[PDB]
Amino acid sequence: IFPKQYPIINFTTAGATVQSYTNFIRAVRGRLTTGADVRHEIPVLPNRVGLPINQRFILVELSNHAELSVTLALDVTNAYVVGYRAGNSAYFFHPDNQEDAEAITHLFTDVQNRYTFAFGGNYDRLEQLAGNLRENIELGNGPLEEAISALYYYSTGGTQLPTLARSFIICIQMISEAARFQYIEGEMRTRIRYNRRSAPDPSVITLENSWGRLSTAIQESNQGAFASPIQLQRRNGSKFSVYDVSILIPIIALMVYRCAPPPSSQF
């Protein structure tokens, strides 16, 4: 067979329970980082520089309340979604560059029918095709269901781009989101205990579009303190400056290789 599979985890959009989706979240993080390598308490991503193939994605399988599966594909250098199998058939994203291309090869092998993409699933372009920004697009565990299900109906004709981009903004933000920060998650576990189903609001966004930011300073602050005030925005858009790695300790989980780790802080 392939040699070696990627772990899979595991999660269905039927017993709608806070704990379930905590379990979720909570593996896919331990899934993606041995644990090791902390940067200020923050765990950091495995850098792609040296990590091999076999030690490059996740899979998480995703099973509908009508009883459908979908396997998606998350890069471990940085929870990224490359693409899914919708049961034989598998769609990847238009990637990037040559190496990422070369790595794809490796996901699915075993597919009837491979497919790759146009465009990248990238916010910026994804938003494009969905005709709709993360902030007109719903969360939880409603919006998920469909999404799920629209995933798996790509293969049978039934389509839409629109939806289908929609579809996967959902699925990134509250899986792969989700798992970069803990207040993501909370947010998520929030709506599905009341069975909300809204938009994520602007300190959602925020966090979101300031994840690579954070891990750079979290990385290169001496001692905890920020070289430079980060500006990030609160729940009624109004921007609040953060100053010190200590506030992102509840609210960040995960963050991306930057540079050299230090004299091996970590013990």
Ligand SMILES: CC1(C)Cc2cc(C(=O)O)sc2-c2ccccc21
Contents of the next structure:
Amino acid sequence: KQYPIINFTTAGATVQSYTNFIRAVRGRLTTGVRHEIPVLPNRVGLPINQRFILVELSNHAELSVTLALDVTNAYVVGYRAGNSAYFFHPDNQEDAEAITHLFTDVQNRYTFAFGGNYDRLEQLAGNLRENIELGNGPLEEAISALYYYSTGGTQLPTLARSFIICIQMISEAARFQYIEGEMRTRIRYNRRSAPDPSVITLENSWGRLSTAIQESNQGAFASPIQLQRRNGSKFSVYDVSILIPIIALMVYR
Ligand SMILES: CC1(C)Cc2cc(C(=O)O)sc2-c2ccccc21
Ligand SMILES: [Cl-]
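Could I see the form solved in complex with this ligand next, after the form solved without this ligand?
Then the entire complex follows, led off by the chain already shown.
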């Protein structure tokens, strides 16, 4: 029994082909409703045969990697390249026991010393999110860099930067329609550009926005959380109705 697999390729990717890809990622993630915003499945009690989904990516050089996405928080937990599989360091032993059920066929299994969170990947990559280009070009380059890590051809700083690109255009593009729209604009005009402060702010606030929405009374927040306009200037929202077209998935709380 294999997990659900989603196929996307950067070779000739259009605005529509990438939209259908992200729309497919949201579908497999929200299989397990009534809420106006879909709520990701609960970690406790979730049987392992529905704990993950696989997102395989290819590029113009026909190089392929498969990313493993947890379904409770839509985060990449590891990836397989050829005959090897790589996993971030798990948070507890329950998650360490869950990851031995993916890629049960590879010959080489490795667990990194570090977690997959952004601030760690930015230290490893030697660059911040505001300095890492996003787009189809940066994604095609990442895919080649993920695989060639299995052959010793990619060093760790390039691998960490490649994770930052992939996590933003798959995981963050699923969570927020706003971020997916930002990626679709880069594909539309064939331009690579780093995320503006309105995007980093949403990525860091996903857990905090997931808090205020499920804990909202009639849709009103208890305390206002603050977002950023694209010019860096800040504001504050107080209810769910302004974020409905903005956020698509929420971790359970
Ligand atoms: C932060 C985010 C997602 C992005 C954004 C960027 C704006 C600008 O270009 O000034 S406004 C605005 C906005 C408004 C209402 C809810 C959410 C947002
Ligand atoms: Cl570490």
